[PDB]
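Just the one chain here, the form solved without the ligand, laid out as structure tokens.
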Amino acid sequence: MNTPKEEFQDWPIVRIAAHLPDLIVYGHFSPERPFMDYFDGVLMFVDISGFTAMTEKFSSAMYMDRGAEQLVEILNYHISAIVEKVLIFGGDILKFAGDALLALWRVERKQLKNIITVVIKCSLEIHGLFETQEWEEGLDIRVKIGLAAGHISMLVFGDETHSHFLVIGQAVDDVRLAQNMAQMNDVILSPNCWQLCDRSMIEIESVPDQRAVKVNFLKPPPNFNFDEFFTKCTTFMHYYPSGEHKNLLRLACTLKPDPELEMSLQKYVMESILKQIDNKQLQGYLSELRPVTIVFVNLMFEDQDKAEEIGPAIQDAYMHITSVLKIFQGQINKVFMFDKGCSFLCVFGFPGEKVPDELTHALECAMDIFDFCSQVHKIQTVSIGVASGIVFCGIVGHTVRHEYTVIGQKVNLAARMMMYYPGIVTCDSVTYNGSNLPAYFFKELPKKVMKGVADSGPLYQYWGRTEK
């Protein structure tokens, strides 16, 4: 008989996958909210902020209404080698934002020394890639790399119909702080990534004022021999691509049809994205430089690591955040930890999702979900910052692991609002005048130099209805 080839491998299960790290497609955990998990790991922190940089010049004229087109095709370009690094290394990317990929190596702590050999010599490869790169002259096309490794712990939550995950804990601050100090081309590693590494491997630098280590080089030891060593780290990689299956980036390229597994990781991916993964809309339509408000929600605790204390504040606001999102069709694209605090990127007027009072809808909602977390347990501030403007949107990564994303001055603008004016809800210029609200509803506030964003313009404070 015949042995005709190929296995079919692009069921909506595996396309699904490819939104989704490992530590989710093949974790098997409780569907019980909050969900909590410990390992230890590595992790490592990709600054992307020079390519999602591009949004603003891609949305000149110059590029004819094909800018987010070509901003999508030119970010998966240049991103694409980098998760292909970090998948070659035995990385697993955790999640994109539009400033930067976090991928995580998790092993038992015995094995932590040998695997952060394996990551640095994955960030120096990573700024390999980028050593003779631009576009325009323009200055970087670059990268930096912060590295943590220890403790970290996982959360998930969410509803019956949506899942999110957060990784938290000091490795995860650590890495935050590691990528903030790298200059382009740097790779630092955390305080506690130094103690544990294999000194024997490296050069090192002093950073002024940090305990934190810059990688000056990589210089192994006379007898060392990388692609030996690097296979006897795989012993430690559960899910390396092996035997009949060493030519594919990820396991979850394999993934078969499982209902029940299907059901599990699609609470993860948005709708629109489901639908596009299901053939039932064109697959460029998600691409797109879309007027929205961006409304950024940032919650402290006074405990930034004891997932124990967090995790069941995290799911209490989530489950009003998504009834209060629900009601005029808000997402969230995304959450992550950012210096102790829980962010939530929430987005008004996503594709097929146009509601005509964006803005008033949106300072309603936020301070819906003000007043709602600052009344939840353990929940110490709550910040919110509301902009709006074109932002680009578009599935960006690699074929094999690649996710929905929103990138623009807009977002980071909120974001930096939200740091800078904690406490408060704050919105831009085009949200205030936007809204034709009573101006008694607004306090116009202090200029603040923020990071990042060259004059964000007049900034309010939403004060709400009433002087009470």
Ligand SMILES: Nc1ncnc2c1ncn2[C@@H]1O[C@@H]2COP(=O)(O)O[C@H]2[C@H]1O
The other form holds:
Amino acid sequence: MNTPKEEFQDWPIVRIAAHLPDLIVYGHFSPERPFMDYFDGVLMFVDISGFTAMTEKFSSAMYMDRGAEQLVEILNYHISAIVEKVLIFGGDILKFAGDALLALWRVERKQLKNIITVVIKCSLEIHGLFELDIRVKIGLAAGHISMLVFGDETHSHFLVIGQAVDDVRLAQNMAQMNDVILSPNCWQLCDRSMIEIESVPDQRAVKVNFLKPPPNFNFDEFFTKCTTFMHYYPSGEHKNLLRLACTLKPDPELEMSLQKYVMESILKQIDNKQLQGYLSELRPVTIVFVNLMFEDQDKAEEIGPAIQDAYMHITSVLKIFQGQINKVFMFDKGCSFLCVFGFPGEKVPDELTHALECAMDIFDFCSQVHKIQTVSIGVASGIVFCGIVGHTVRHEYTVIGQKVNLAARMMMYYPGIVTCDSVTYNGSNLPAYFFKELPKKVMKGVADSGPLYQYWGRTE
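Based on the form solved without the ligand presented above, generate the structure block for the form solved in complex with the ligand.
Just this one chain is shown here; partners and other molecules are left out.
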């Protein structure tokens, strides 16, 4: 009797699971919204620099209208290699945002010290692959982490929250190219007998210099000990897989739960109802970047109800005005929603007007949600890259472009108002007195923004 090969089965549930972390795939938590949970872990925030500028260059004539295809290929080639290292070192990729990603090693509190060594080693190997003018910067944090899941009956979103989350962002932002930086708490919890560091001027964070293993040390054996504490590390018969999620079996209840996190146009491609090619594009869109600031953004039980309330109105007005939520994350200050008008299927003239009216509506509503202290929204319009970024086994739809960065910076440097760029202002069919021309601010990461405006709105 034969024992024939089992071909890998690439069921729709497995293709769905590529777009999600283990934290959600194996989370089995309540469908109630907001849902909050609490755990401990180590966070790694990896940023490739230089892709934002490459994006502008891939629009030029030299790429012969295959700029989107060439961009996603070279990006995925590099990002895939980082993803592989994260996964092989036992991490869970939570989200991709442009040319960056955020990874988590969730463990019980007593194992944080040893897992931090693992993550530092991972980071140093990652820094290694990049010895294309592209550099990698890495921020690490460790400690208490909260998770929020918010959404409605057909869509779900998650976020991680708390000091470790704020810390990992602060750390990555101080990093110079090729630095691995540790949060203050990460450095207080780490195995100091092995991690040689250098102080960072005016900061309590530190920079990793090198690993200094002791005499009998064997990283393989140590790693193996750490894998006792890693619930989903592929092992035994599945030690040849990058993710346990590759073995997920059809299960309609689980699939119903997981698909709510994934955009409809992505589900269409998963379902072989649309060609793979059409989601990689360089196309004119409007970014609407919404920031909600709270009194205490480390306190999920306070902020979760507010984010949910805001989300319920945001999703509804986006639907009216033809926009979509591409990504949500916690900033240094606030919960941000990266919203996009014009992407795969949704398109118009008056797209600009709609973006601005939608922004004002979100501003007016969210400003009155309990516990939201300040709302800020930046609106910018131009050619941006849209596509699936990452590795075959772990990837997400994301946007990359100078206008994405400009909207984010606008929302940060002009808090409490709705701002737009010049493309949006000039292009909109709105009268000029609905706007106010603003003082020009020098903005981290922005060469020349062009004139900027506040959308003051219809009256006053």
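Positions refer to the first chain, counted from 1. Rigid core (definition): largest C-alpha set, two forms, superposition within 1.5 Å.
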**OP:** Superpose on the rigid core and name the single residue from 45, 404, 51, 432 whose Cα moves by 2 angstroms or more between the two forms.
**Re:** 51
